[PDB]
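Q: Each chain is listed here by its residues.
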Amino acid sequence: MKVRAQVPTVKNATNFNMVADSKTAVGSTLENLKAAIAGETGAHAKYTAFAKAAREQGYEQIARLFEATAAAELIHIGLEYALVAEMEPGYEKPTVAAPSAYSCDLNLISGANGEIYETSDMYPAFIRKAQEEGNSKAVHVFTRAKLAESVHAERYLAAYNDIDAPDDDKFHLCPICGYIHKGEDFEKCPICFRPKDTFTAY
Amino acid sequence: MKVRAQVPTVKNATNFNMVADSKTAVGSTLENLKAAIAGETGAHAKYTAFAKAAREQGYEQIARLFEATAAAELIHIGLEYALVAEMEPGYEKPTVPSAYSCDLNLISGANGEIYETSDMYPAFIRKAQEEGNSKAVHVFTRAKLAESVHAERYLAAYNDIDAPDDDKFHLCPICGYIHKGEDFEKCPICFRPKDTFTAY
Ligand SMILES: [Fe+2]
Ligand SMILES: [Fe+2]
Ligand SMILES: [Fe+3]
Ligand SMILES: [Fe+3]
Ligand SMILES: [Fe+3]
Ligand SMILES: [Fe+3]
Numbered sequence: 001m002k003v004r005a006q007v008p009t010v011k012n013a014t015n016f017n018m019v020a021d022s023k024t025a026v027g028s029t030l031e032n033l034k035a036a037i038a039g040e041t042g043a044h045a046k047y048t049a050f051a052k053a054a055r056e057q058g059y060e061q062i063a064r065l066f067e068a069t070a071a072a073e074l075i076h077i078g079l080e081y082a083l084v085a086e087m088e089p090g091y092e093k094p095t096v097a098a099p100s101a102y103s104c105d106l107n108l109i110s111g112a113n114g115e116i117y118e119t120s121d122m123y124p125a126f127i128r129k130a131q132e133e134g135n136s137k138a139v140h141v142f143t144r145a146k147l148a149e150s151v152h153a154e155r156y157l158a159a160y161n162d163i164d165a166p167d168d169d170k171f172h173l174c175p176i177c178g179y180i181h182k183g184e185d186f187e188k189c190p191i192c193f194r195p196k197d198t199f200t201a202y
Numbered sequence: 001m002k003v004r005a006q007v008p009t010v011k012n013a014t015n016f017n018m019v020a021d022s023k024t025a026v027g028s029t030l031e032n033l034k035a036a037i038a039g040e041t042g043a044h045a046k047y048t049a050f051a052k053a054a055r056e057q058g059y060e061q062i063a064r065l066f067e068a069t070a071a072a073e074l075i076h077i078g079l080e081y082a083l084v085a086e087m088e089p090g091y092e093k094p095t096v099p100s101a102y103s104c105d106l107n108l109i110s111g112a113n114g115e116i117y118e119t120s121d122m123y124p125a126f127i128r129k130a131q132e133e134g135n136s137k138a139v140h141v142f143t144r145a146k147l148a149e150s151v152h153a154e155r156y157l158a159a160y161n162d163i164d165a166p167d168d169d170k171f172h173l174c175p176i177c178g179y180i181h182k183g184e185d186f187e188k189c190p191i192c193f194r195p196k197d198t199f200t201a202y
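Going line by line, the protein sequences match chains A and B.
Here the first sequence is numbered in UniProt numbering, starting from 1 and rising by one per residue.
Using UniProt numbering, the letters of the second sequence correspond one by one to residues 1 to 96, 99 to 202.
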């Protein structure tokens with residue numbers, strides 16, 4: 001993902017449309033924030049299981065990608081939780097069980113499909129609802145998550161295509177958003193502009 | 001997709017597993033080759049429609065990507081048709099879509115490519131192996147490998163939808179491999195040199 005003159009938003013980007021045949025239940029923004037947290041909690045558990053399986057299967061770099069992406073989902077949960085907490089202090093983040101991890105290639109495909117669903121269906125649906133309800137804070141949070149998900153999808157597909165050609169590149173995760181970069185060739189986050197030196201290496 | 005020391009095959013690669021919950025109807029290899037052709041004919045019509053829409057929507061580079069990928073599917077059809085014709089000389093290729103916003107078309111493309119690379123082609127490859135049809139295994143493998151490359155290209159384009167550049171998309175002469183830019187020496191799927199590629 002290229003760095004643009006300004007950070008991408010629904011006001012200056014053209015990949016924020018929701019698939020017409022959406023599989024997402026849309027409620028109030030508060031309900032959507034909770035739904036997103038629930039979904040991301042599941043994603044985190046899935047990627048964590050996928051990472052453990054990848055390591056056992058001999059795919060250390062892919063394991064690191066799953067670990068970096070799980071960490072990215074945790075950042076999303078944090079952003080969403082902060083908003084829910086201000087509106088409903090009694091709200092407690094949910095916990096989920098770990099799902100099964102299968103062959104690494106299929107896990108990468110499962111990951112890619114989930115990321116695509118989140119970036120083109122779920123988050124766009126929630127962003128639209130937040131816009132229609134005037135919840136700018138939610139639009140911001142959902143937008144940041146949405147942008148990282150399509151990057152995650154690309155990273156998973158790249159890893160799938162090069163499943164038998166790994167390298168020593170580290171995956172750098174942004175400190176405040178889910179952006180992940182493979183390798184050292186970048187200066188700042190294309191989603192939030194945080195400098196490279198603030199990223200965490202996986 | 002990185003160029004390996006060896007040409008990727010179902011024998012030396014580890015991304016040929018098929019999804020457990022398949023949405024593919026599997027029959028004889030002959031029927032599967034025809035099903036693949038029907039699917040690719042649909043894909044070609046789809047990408048051609050997406051390219052047309054992309055140009056009208058102001059995304060010239062993405063339009064070129066859709067055009068290059070449509071050409072890639074045509075190459076797949078050619079490889080599959082050649083085999084079907086041999087197994088049934090008089091076979092006639094079928095004829096066949100709705101286009102939406104550019105970003106959604108890229109996603110629809112990515113989803114179709116993912117289905118073909120992780121569900122359809124792997125299923126057809128295994129059935130061909132079971133029936134001992136080496137030619138079909140080869141054709142399906144070559145196609146399968148290109149589809150995941152197409153998926154990545156579509157997601158990359160989606161992520162940079164508002165940040166296009168002047169890179170050309172180079173399509174391999176005998177397989178569906180597409181490379182963005184001129185930083186490559188040969189096809190990672192069939193090893194054809196860059197000089198034999200067609201730019202889009
Ligand atoms: Fe994600
Ligand atoms: Fe394709
Ligand atoms: Fe997510
Ligand atoms: Fe960031
Ligand atoms: Fe295809
Ligand atoms: Fe090739």
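You may find that some hints are simply not true.
Straight-line distance between alpha carbons at most 20 Å, and here's what the computed EDC-like set of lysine to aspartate or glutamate pairs gives [claimed, not checked]:
{"id": "1", "chain 1": "B", "residue 1": "23", "chain 2": "A", "residue 2": "21"}
{"id": "2", "chain 1": "A", "residue 1": "196", "chain 2": "A", "residue 2": "162"}
{"id": "3", "chain 1": "A", "residue 1": "2", "chain 2": "B", "residue 2": "197"}
{"id": "4", "chain 1": "B", "residue 1": "2", "chain 2": "A", "residue 2": "21"}
{"id": "5", "chain 1": "B", "residue 1": "2", "chain 2": "A", "residue 2": "185"}
{"id": "6", "chain 1": "B", "residue 1": "182", "chain 2": "A", "residue 2": "162"}
{"id": "7", "chain 1": "A", "residue 1": "52", "chain 2": "A", "residue 2": "168"}
{"id": "8", "chain 1": "B", "residue 1": "11", "chain 2": "A", "residue 2": "162"}
{"id": "9", "chain 1": "A", "residue 1": "182", "chain 2": "B", "residue 2": "185"}
Coverage of chain A stretches by chain B, computed from C-beta distances (three or more under 8 Å per stretch; other residues unrestricted) [stated by the list, open to error]:
{"id": "10", "region": "60 to 70"}
{"id": "11", "region": "94 to 105"}
{"id": "12", "region": "148 to 155"}
The hints are simulated quantities; they were obtained by calculation from the structure and are not laboratory data.
Backbone N, C-alpha and C define an ideal beta-carbon position, used for all residues, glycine too.
Q: Name the hints, by number, that the structure is in violation of.
A: Violated hints (numbers, rising): 2, 3, 4 and 10; every other hint is consistent with the structure.
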